[PDB]
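**Q** If you want the building blocks of each chain, they are given just below.
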Amino acid sequence: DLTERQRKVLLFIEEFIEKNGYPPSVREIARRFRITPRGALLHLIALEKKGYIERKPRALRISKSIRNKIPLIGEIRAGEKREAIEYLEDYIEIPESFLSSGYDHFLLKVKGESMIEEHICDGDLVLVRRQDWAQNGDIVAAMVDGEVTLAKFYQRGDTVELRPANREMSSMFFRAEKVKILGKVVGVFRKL
Amino acid sequence: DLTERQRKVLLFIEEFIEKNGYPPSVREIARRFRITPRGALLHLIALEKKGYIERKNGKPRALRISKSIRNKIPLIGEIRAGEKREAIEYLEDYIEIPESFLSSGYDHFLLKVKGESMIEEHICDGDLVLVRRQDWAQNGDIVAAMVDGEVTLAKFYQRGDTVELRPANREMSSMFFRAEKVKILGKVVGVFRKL
Numbered sequence: 001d002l003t004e005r006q007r008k009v010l011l012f013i014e015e016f017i018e019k020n021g022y023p024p025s026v027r028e029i030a031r032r033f034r035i036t037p038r039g040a041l042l043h044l045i046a047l048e049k050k051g052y053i054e055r056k057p058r059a060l061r062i063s064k065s066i067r068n069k070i071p072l073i074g075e076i077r078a079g080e081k082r083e084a085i086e087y088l089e090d091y092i093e094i095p096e097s098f099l100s101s102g103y104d105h106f107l108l109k110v111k112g113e114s115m116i117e118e119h120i121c122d123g124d125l126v127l128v129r130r131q132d133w134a135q136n137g138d139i140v141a142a143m144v145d146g147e148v149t150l151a152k153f154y155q156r157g158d159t160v161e162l163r164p165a166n167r168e169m170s171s172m173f174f175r176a177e178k179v180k181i182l183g184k185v186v187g188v189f190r191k192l
Numbered sequence: 193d194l195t196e197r198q199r200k201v202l203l204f205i206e207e208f209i210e211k212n213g214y215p216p217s218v219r220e221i222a223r224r225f226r227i228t229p230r231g232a233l234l235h236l237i238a239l240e241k242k243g244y245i246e247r248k249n250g251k252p253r254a255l256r257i258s259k260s261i262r263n264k265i266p267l268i269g270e271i272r273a274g275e276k277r278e279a280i281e282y283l284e285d286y287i288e289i290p291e292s293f294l295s296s297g298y299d300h301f302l303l304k305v306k307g308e309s310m311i312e313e314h315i316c317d318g319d320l321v322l323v324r325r326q327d328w329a330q331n332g333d334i335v336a337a338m339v340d341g342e343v344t345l346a347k348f349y350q351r352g353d354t355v356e357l358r359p360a361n362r363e364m365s366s367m368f369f370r371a372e373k374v375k376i377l378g379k380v381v382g383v384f385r386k387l
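Chains A and B supply the protein sequences, listed in that same order. Going by our numbering, the first sequence opens with residue 1, and the numbers climb by one from there. Going by our numbering, the second sequence opens with residue 193, and the numbers climb by one from there.
There's no promise every hint is true.
[Stated by the list, open to error] Which residues of chain B face chain A? A few of them, derived with a C-beta cut under 8 Å, are: (1) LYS248; (2) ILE289; (3) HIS314; (4) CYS316; (5) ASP317; (6) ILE376; (7) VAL380; (8) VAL383; (9) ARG385.
[As the list claims (entries may be wrong)] Taking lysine-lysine and the DSS-like style, the derived pairs with C-alpha atoms no more than 27 Å apart in a straight line are: (10) A:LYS191 with B:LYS259; (11) A:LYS50 with A:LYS8; (12) B:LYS242 with A:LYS191; (13) A:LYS180 with B:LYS304; (14) A:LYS8 with A:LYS64; (15) A:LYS111 with A:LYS180; (16) B:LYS304 with A:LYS8; (17) B:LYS304 with A:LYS191; (18) A:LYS191 with A:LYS109; (19) A:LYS50 with B:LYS304; (20) B:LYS200 with B:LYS241; (21) B:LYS241 with B:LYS259; (22) B:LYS259 with B:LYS242; (23) B:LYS241 with A:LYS50; (24) A:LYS69 with A:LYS49; (25) A:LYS49 with B:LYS200; (26) B:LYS304 with B:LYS200; (27) B:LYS259 with A:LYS69; (28) B:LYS248 with A:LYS191; (29) A:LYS111 with B:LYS386; (30) B:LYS276 with A:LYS69; (31) A:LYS111 with A:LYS69; (32) A:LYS109 with B:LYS386.
The set of hints was computed from the structure by calculation and includes no laboratory data. All C-beta atoms in this analysis are idealised placements derived from N, C-alpha and C, irrespective of residue type, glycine included.
Go ahead and model the full structure; you've got the sequences and the hints to work with.
**A** Structure below.
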């Protein structure tokens, strides 16, 4: 079991390898985490103990990846300056072919029938790629007036439409900046 | 990498240890899979080399799982009519699926959905369906079935001598068969969609 700090150090190492094509040095980890090189080495040694990495400098291999362990978020609240306050419930391993390199992702459990005509059902998980922008027609996770919803996003001029995919429901329209885009729905996972 | 036989050997080893508290022998593995004792041993050697198992000092009673493959699910690219066999399956790839979607005590496979036959159950062309391997079904189950040499996804109903394979699509016809002619490949238990 990883501590919060160990998880963050391991993700940094994995992401550095993905970006650069070789492992980070102890000094690089120390810079990232604002700790001494000695402190960074201590995290490396711990990750090696728990079997997540194998260890000249940069002699580092990932033995157990956590990059595809995607956070499942439940509640999201509007905080200071409407920053999204996310309440993590779990991490779920998502198959690599469903994830885009280059983005972070989270999962949400679908509540209700707002997206049923897009074949997204109550109880599904949606895989959300984190982004604060959207194109018209994108299925987004958005927050407005402290409500998180899934909807198709449209902007025309100063107005954003959050359009359900359900003939029993109506679209909602807002002054554009009131709508915080949390990300774009890029996968759906359903247990029957 | 693994063959299907090797994956299934590893699943058997892991479940056997869980149930019994000791690992199966070479001959227990051979009889389980209708392969030769020598064949079973060659697999253990290969799987140890691949890091999936350990056998300290090469002793059978020390056989243990080092890397579980319980999440590794075969994507089957083709299932076609056989001659001696009803169905012949071709492995396309493996996809990692969380155990939360899997039923304990069963094996599973994935199929890529082709067409609109299940659209009213919100299963779309290009989705993967996770199929739990079983050769029976209950009314209202979504099944992968082989009938008349062809594989379909449908809702299953049985009323005595007759099975109905009902598409979840108003515009497509239910198909009715003598019950004994319907080979159930398994029950759809999950749906995975990449947008």
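**Q** All hints, please: hold or fail.
**A** Hint check:
This hint is violated: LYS248 (chain B) has a C-beta 18 Å from the nearest C-beta of chain A, more than the 8 Å allowed. Nearest Cβ of chain A to the Cβ of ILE289 (chain B): about 7 Å, under the 8 Å cut. The hint holds. The criterion of a C-beta within 8 Å of any C-beta in chain A is met by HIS314 (chain B), whose closest approach is roughly 4 Å, and the hint holds. Given the 8 Å rule on beta carbons, the hint for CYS316 (chain B) holds: about 5 Å separates it from the nearest Cβ of chain A.
Residue-level restraint check for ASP317 (chain B) is violated (minimum Cβ-Cβ distance to chain A is 10 Å; threshold 8 Å). Taken as an interface hint, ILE376 (chain B) does not check out: its beta carbon lies about 16 Å from the nearest beta carbon of chain A, beyond 8 Å. Annotation: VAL380 (chain B) was flagged as interfacial toward chain A, and the flag holds, the nearest CB pair being 6 Å apart, inside 8 Å. At about 4 Å, the closest approach between the beta carbon of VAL383 (chain B) and any beta carbon in chain A falls short of 8 Å, and the interface hint on this residue holds.
Contact between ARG385 (chain B) and chain A, as hinted, is supported at the beta carbon level, the nearest pair being about 4 Å apart and thus within 8 Å. Of the pairs offered as hints, the one joining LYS191 (chain A) and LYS259 (chain B) holds, with about 25 Å between alpha carbons and a cut-off of 27 Å not exceeded. Straight-line distance between C-alpha atoms of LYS50 (chain A) and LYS8 (chain A) comes to about 15 Å, which keeps the hinted pair within the 27 Å bound. At most 27 Å may separate the alpha-carbon atoms for a hinted pair to count; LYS242 (chain B) and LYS191 (chain A) exceed this at roughly 32 Å.
A threshold of 27 Å between alpha carbons decides the hint, and for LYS180 (chain A) with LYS304 (chain B) the separation of about 35 Å lies outside it, so the pair is violated. A threshold of 27 Å between alpha carbons decides the hint, and for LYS8 (chain A) with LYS64 (chain A) the separation of about 14 Å falls inside it, so the pair holds. At roughly 19 Å between alpha-carbon atoms, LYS111 (chain A) and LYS180 (chain A) fall within 27 Å of each other, so this suggested pair holds. Under the criterion of a C-alpha separation no larger than 27 Å, the hint pairing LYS304 (chain B) with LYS8 (chain A) is inconsistent with the structure, at around 36 Å.
A hinted pair counts as satisfied when its Cα atoms are at most 27 Å apart, and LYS304 (chain B) with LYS191 (chain A) qualifies at roughly 16 Å. Between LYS191 (chain A) and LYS109 (chain A) the CA atoms are separated by roughly 11 Å; this keeps the pair inside 27 Å, and the hint holds. Distance hint between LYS50 (chain A) and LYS304 (chain B) is unfulfilled; the C-alpha atoms sit about 37 Å from each other, more than 27 Å. With a C-alpha separation of about 17 Å, the suggested pairing of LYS200 (chain B) with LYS241 (chain B) holds against the 27 Å cut-off.
For the proposed pair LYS241 (chain B) and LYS259 (chain B), the alpha carbon gap of about 12 Å is at most 27 Å, so the pair holds. Distance check on the hinted pair: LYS259 (chain B) and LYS242 (chain B) sit about 10 Å apart at the alpha-carbon level, within 27 Å; holds. As the CA atoms of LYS241 (chain B) and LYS50 (chain A) are separated by approximately 22 Å, the hinted pair is consistent with the 27 Å bound. Restraint check: the Cα-Cα separation between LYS69 (chain A) and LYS49 (chain A) comes to about 20 Å, which is no more than 27 Å; the hinted pair holds.
Pair hint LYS49 (chain A) plus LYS200 (chain B) does not hold up; C-alpha atoms about 30 Å apart against a cutoff of 27 Å. Taking the CA atoms of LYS304 (chain B) and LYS200 (chain B), the gap is about 22 Å. The hint holds against a cut of 27 Å. Distance check on the hinted pair: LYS259 (chain B) and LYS69 (chain A) sit about 17 Å apart at the alpha-carbon level, within 27 Å; holds. Taken as a hint, the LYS248 (chain B) and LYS191 (chain A) pair is broken in the structure, with Cα atoms around 39 Å apart against an allowance of 27 Å.
For the hint pairing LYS111 (chain A) with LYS386 (chain B), the CA-to-CA distance comes to about 20 Å; that is within 27 Å, so the pair holds. With a CA separation close to 43 Å, the supplied pair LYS276 (chain B) and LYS69 (chain A) exceeds the 27 Å bound. For the suggested pair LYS111 (chain A) and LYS69 (chain A), the alpha carbons sit about 22 Å apart, so the restraint of at most 27 Å is met. A distance of roughly 16 Å separates the Cα atoms of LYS109 (chain A) and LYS386 (chain B); the hinted pair therefore holds under the 27 Å criterion.
In summary, the structure is inconsistent with hints 1, 5, 6, 12, 13, 16, 19, 25, 28, 30 from the numbered list given earlier, while agreeing with the others.
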